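Accompanying notes for the structure given below.
For this view, one protein chain was removed and the others were kept in their places.
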Amino acid sequence: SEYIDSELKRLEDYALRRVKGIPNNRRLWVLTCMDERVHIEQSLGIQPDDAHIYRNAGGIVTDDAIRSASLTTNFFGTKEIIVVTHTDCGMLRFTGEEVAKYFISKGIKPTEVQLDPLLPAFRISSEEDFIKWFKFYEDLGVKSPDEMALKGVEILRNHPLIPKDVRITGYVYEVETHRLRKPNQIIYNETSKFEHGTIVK
Amino acid sequence: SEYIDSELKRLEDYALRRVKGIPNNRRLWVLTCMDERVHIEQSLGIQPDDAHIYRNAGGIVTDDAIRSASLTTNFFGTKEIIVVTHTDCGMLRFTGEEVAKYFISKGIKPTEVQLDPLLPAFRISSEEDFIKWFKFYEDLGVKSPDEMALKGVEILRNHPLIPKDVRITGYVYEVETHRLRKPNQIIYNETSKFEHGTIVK
Amino acid sequence: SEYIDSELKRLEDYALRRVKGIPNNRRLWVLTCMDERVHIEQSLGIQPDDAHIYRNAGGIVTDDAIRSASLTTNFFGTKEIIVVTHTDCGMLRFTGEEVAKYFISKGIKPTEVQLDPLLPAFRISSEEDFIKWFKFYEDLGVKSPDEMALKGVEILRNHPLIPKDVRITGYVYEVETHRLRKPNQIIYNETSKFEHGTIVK
Amino acid sequence: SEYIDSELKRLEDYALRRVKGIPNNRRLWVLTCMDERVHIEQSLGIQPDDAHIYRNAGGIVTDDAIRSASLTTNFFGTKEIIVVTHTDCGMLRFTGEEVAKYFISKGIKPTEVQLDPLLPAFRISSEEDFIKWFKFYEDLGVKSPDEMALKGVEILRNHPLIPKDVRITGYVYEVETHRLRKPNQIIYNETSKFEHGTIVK
Amino acid sequence: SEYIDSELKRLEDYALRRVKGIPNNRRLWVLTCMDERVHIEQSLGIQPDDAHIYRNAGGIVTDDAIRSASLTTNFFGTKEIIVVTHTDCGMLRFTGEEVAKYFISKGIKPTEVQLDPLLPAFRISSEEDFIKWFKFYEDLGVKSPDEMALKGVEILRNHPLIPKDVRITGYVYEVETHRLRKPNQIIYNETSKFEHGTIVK
Amino acid sequence: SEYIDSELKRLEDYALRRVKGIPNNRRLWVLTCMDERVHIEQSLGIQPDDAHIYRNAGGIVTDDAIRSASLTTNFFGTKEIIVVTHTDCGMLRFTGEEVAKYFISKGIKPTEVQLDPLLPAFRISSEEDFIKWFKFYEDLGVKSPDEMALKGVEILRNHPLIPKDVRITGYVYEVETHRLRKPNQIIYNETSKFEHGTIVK
Amino acid sequence: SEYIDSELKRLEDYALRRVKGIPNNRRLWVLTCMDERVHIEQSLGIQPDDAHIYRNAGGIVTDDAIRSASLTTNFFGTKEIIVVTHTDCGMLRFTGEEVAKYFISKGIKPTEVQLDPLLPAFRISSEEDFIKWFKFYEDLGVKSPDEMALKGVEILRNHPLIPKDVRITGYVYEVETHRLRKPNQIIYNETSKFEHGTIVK
Partner (left out) sequence: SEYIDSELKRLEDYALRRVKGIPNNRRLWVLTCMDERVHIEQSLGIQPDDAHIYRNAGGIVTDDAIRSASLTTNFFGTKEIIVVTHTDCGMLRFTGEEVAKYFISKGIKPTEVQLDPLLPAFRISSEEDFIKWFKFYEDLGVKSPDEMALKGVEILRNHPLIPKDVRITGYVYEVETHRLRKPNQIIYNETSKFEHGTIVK
């Protein structure tokens, strides 16, 4: 009875965290890609309830990412951000020119497409802006996921809507090993080639 | 050895799906909220590699959602979309006016904040637009997650960038029971109030 | 040989609990419905030997419930009562008028039916009493299982045959979610609508 | 999607068996005692959702038992009844005289106690009726649980509110062995005494 | 290495117990029947290596039992004996007369059968001794397994080859409950009859 | 109803196998040693109710073994016998001279000890017979458990009280490996010496 | 009985495979490095009894490798060879000059060290031969494990002691991924750079 009450209150508190001002278990927000192969929680070593996980095409900083990140940090008590791009990302496999050309071929008029139906204030007035909107790596002048992870970290770090006390870190998810690496730590070459090793003490 | 070869071809395929033209394992894109309590794959009954999962604050249709959905459907071969909002969502616990007022208090100037750093073409020129940008349920005139799931489905259905042959369906994730429901199909009211039954035959 | 002896005594104790003045393991009696979907022990978090479980149509306080409750508390040492009604209960799906009219249709004469064969002193002398005997929610002016759990608790609390030092509590078993809730503390509405929350401190 | 719908409908049906006129999985109603030691489903070899389980002090046919049995058989489609009394039942350890005398000692006035608060039509007008109301084995002239199981079966069989096509069977739950026996099948004497055996063919 | 020394010394002691003078884990010897239904270890609550288990037709004290018991107690360090007869024992289902008559019918000549081929000194010179040799309960004037368990205990207690410091105890295995009892301490009669219980403190 | 009925008989039959002339499930009788390390049923691959298991000091054919074997085969329908001696058996670690000398040292007078109290007809009238009665391997001129298994098989095979249609087999239980072997079929002698191998084809 | 005979056929065959001319389960021989990180069976997808696994410093073809390979193929019926070198192998981390210099520093005289004590015919008569004996990648003019896998395959393919009908294949074990790759097919470059992909058909 006392047990049931105790456990019911626990449920009430879980069901209404966002009413009560209860944060996620680890005060963590993650930006990553929507890709199926990015099994994000296992790679971070976290449990289902530990983090808020934002996912878009590319794990790239968009207005929506910044929107979501500003809310979680300022209102839902998140004190840590982790940006995780990944290998073989689709955003590194195509160009916005290709995509735009693909759409005009069907009959789409870039200038007069409602990009955010729920926010008509968002408009572009240029086909070059339409191309940049898709945020493909090449169009953004980004050569690797490593560079993109660093790019996103710097953006979020410098953005006014995100508190300065929030810790922000970037990684790259390797789909070929279901696991992270530090951006630009690439030991794949180093292991298949001579390097003078040291005698064990 | 022969089985080792074709296994390596298979890992090669998995590693390079997005290069090679392989979709996710059933051709599925999911829009849902970033919330920690939304354990999305278990509720859909899917495996890690089965779907592209888009997640933002509220599981609401933003430009980024439409961007991501347009790419998966037209280029990555997704033929099904599932929109899943959830109960006790933060977007249904606050107002954009409150959030805007919070930011001005710190010293932020809504008009001159770069909302999308990587896309400077996105501007608002109005504090009312800044409020609407956050996309809180109240400000969008949406009363329930049920209504928001239906709203998102309709938007995606009617959007030109999303092919007409794509199946789109909406659900609500109940955090208090880790289980989906159809919008407006709440069993919890009907079971706790007289309703006439039928005699068994 | 010693540990075998002791074990045989406690085997003997177990088989003769009701001679030796041994109570149930938690000194608990539960009133609930006979319904198949009410998996009562798992919902209370109790083990098979922990409680005396009374079950009738509706988990409603009848003379038999009070009989059984009086015996367990006064003679079998029960110090706690838990009343548990449930959702989609049959007693909330029909009316006694319907049931009575069903029986007369077959040829039953309400006035002349022996309701308690082993206790002929129980008679009604009125078709209105026959209707009330079935104890359907509607006929008793009870709108919900929540209200019926509270009702039963109050009855047992006020009844002279039940000691005043017995703890009595009420809950509702949700068949939809195989889980208990406190009467009138339904979370499902609250989570699905706007309610203002607090910022995380 | 069609999977989720299918499973939600399965849940809809479970949650509203009683609105939808759906029976228990096995069309079974069980009368048994409230005693903790009677682990009824295990002994019948049935699963949680298979039966409606009525439980009172003694597994004795009361008005409430007949009320509940009439409803399940006529309205909820139950086609089988099993009566199961048990060994070392409390109703076989005391007398109603003892119980009545116990209550007068505290200050209770049998004549003026509301036995069924929700049904004031139930009255006794005699201390002998009050004694018989408790339904102790000895006061009913019943010597064993075996006899009581048979007695209950006969009552239910002959009662007009219970359809004649319903199968009714009686057993005795042995708490010493957590298992059932046919009433009056006592092999315990037969196994510890000489008995001419037969050679195996 | 450390581990492998340990592993090897474990095997060596276990495999050479009777050379190295190592006792059974519980310094226990059990006399019981060969019957399949007597699951002796489970009923004593012992592990495979805990005891020396002697088993013959009936769990009766024979020369071989006394031989085996004398060896385990004096040489293998057994300090406890447990005699356990059982219910529905074959030795309580037939007579030696019947068995002897059965053998003569085939053509056996009792007087000239080698009863112990490895010990020719064992002879009988009487048909009445041949009958007694089979050791059926009836022919020994024993009415119950309870009585036989007590009988065997007394014999072993008073036998000179068995040290006086050895603890000897008797039980009866109930095949119909897979469960021991003290001899002549039955409850099954007591649990299906009225008996005044006592109110719980 | 039907299920519980057929189960109660399965149980009634189980409790009264020896009255009804139902045998053990394999129609098997096993002669083995009482030693703790001989985990007999696992080594034979049998279940608890499958066999009658006779156990004495050494798994040696004694009068009691023959008594028990004659009863199980002729009356309890056993059609197979398995003799299983074992390694490091105590009967192969001492001599009857040693044992006899140990007993006289305490004060025992071999000639006047009742070897079978329940069968006074069994007498020896010689200290050499007393030695032989213990049935140590050495005194019987048996060098190995292998030889003893074969010896027991031969005795039982040629004994008139045991039907000739009964199948009799011998094995040795290796305590060092919890596993059986056929007599004098030791794999360990062959795997550590040279043995002309055969080219694989 | 006839169960135990199959059990013993299995044991006898398993333990005398090399006598009886029974091959390994997969007719496979593997050459790989002794390195701890090379979890060879898992990477080949084979079971413990499937292959003969030769391991030395580097997974390099030595006389011993050829000795072992010639025996398994010609006599033990192996029909497939798999050579698997690995990344970060020690043989690609040092030079034989370094090693030789290390040994002379301690006081070793290369010319007069017994390199094969059991085969005195193996001698070198040159410090350059001593260096080459260690078989370091650099000294052999081999740049990668990929190249070494191919080299080993070619050697074994062209060697007269190895039958021509034996299938020989080479792979590289990636310690950093605990999985295999085909010589010179490294995808990790390709997954972190732009590469034009295909629209899912």
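The first chain written gets the first letter, and so on, giving A, B, C, D, E, F and G; residue counts start at 1 in each chain.
Everything below uses one rule, namely that a residue touches a chain if its C-beta (ideal position, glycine included) is under 8 Å from a C-beta of that chain, and two chains touch if they have at least 3 such contacts.
When you scan G:66, G:150 or G:166 for touch with the missing chain, the hit is G:66. Although one chain is not displayed, its contacts with chain A can still be listed: residues 44-45, 80, 82, 167, 169, 171, 179-182, 185, 187, 190-191, 195-201. Touching the omitted chain from chain E are residues 1, 3-4, 7-8, 11-12, 15-16, 18-23, 74-77.
On the side of chain F, touch with the chain left out of the figure occurs at residues 87-88, 90, 92-94, 137-138, 143-146, 172, 174-177, 186-188, 190-197, 199.
The definition used in the following text is that only the chains that are shown with their structure count from here on.
Comparing contact pairs by residue number, the interface of A-B is reproduced by E-F among B-D, E-F or F-G, since over half of the pairs coincide. Pairs D-E and A-C differ in how many C-beta pairs touch across them, and the larger number is found at D-E.
Centres computed as Cα averages put chain A at a distance of 73 Å from chain F. A separation of 43 Å divides the Cα centre of chain A from that of chain G. With touch defined as above, residues shared between interfaces to two or more other chains in chain F number as follows: 11, 15-16, 18-19, 74-76.
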